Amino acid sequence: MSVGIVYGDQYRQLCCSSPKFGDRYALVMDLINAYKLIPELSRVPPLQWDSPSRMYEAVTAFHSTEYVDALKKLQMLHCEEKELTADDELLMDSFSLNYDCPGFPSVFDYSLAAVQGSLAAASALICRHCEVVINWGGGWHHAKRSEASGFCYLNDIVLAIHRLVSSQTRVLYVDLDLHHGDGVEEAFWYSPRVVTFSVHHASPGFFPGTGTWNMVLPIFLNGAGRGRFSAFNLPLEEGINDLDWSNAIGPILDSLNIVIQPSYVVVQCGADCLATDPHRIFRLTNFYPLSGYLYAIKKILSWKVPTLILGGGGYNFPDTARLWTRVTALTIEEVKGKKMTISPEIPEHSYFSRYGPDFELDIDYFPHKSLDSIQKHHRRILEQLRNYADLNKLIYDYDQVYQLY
């Protein structure tokens, strides 16, 4: 019944301290506040640690000591306004702490804050304080063991899932971001207990290039060892709309829930599939009568499985706030059974000016038409799900699953 959301004063400051995402988190939490949702939500405080040793122990559950050390040293150098020595440039380069993942004065505290948020969110599900927890400061799916990638420095998702599986525990991870959830997929590549499902754009030279047919004829990789068939991917061509994306993923989600019977669901809800994201690749909306995002979240919540909802990508800050406000309101409705009426007019607040010139909740887009490739992927995914079920000796109505598709 209880819906948790991660916020706090320091957390807000840190989530708003990065050059790439600026004040997006402030717009998200202030639009949620403006629509009077905060009293319906349980504040989940970010996790803090008893010592540096305890913080390091927690982060190095996934990340390497040398990577965490390099990330902490990058923050120190950007704070002293020290020019990096040639030696320091090579160190940072070795961890990809450069180009799209640059240093900045708060890079470690900013990155860690996401981990603090998503770990606290996982704990609140484990002790059953909340049935769903939202962290709009998390979702950094690209970060690897020893590599920064796609403005992801620490993988708050991997650390949250590790806490859930450590708490027979199975986790279904659903990645709705425009980009492939490569970092989360890789971390659990060998585990049958964490099934990863990413739906994303893939095309030649599009970041990160995984989650699709790869040269090793190209083959579709899907995990290894005990984790064989446990990594699911739906790559989609540009231009897909709400209905087609919904019809593409809906049967996959329902089939994974039926076969896996997850103890926890973790959803990455990156907003860069919106028609108005500057990426301009997918044509998803935040519309509610239907938004692909809201269709997906409503389906996942209907399973009544303890669920972690995270952010991620989303480069139109006002449209990201607009979508994540509706996801939050939908979450309250579905979990609490309490209808939350949201005025189509953006309420007056701190950031009202940023919603111009229309100042409406619906993103300013008129959907039109975007099927063949989806059917091929459906046959391949249904096949892979059977192989996953067979390998792990899982019992399920094959016909019931076939019928979803």
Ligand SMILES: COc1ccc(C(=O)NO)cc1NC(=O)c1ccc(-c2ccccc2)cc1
Contents of the next structure:
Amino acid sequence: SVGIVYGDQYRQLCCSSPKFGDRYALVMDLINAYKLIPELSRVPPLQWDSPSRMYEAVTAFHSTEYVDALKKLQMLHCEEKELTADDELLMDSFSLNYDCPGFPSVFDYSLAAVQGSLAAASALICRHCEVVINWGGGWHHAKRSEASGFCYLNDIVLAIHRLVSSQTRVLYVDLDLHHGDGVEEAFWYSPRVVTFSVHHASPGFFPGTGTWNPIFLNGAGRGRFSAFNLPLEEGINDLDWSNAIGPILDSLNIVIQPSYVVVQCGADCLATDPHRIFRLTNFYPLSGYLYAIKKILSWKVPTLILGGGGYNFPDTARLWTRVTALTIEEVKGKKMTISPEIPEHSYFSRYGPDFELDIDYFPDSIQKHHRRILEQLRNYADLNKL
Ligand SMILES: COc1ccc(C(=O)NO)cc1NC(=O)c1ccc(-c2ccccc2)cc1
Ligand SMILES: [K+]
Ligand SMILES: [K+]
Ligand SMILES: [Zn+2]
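Now that you have shown the form deposited without this ligand, what about the form solved in complex with this ligand?
Once more the chain from above appears, this time first in line as the rest of the complex follows.
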């Protein structure tokens, strides 16, 4: 089936943070308003039988001391008694500050997306679902011992780690505006997890990686050549982004032959995102995201589709509703007819002023990157005997 991760507690926790507020509820209530929910298998988030099991699951990637620091931070924020100098030092040493501050549910909230993405991986492994969607997941910046970019725990690394430890090769495809640095770094030394991030990069722009360093770094040890990056200039539209990524994705699939694909589908590339870096749409006559996802799904590899960035909440929901409907279509083979008009539902008023499903927008560097990447794909294949 097509799985989708949700649940009452999961929804409350994914909506408990100060940065993303109720985005996740808008997403899942828009998916429900368009009657897509009866087509999807509900995947419940994973729960553990003990603190020790939860700890062993999260410290498959993250360090125990970082995990202890994040739990203590939540408890500290469940008081209003502010931090001591020593606790602030401790939090600072894990970048639990500034862009990644504490708040009352920060650990539970962070853990929720891990529980979601680890259940998603399990449903794929156990053959329940061909494709599973977790729009509460996709926190690709978190590191082993460091919060970054409002990612506190890296649910993607953990889910990929569960997939590979089920020769299993995973292709990770990161469509977010921002370089997927935490997932790339986790698998820097790992040939069986090939990472491919397309993103904006430019001087001063978060997080700073995924571009020249001058040449591209692309892995080390047996991981050499297994990390792929396509940084694009600001202002790119659906068709130019589509032509830049499409032959790369296609080559990646032909050569790597992945057992699973993991797709981070962060919506901040939309023309209407407050970033206003990329000019991508959710249009489906074509949306760069719908093109890439449909391509990836035409491969017929079991596939995890995850959320990510997206700071125009109603437009993230318009995009992910369409991704969700496309997936149902490309997997079950049954047409989904979406009204161009948003249906009445609890968040209907958020879709002003037009209440249409389409976002309210009027729409050789790449060839050099293509030859670089195609040569890097050559080295990976010869290095790995494919
Ligand atoms: C630099 O920090 C980041 C770190 C990581 C990410 C991310 O998604 N990575 O994958 C994004 C940001 N940018 C913002 O936080 C941001 C900026 C601006 C807005 C905004 C929202 C509403 C109106 C205007 C601006 C919202 C969020
Ligand atoms: K990206
Ligand atoms: K790798
Ligand atoms: Zn982003």
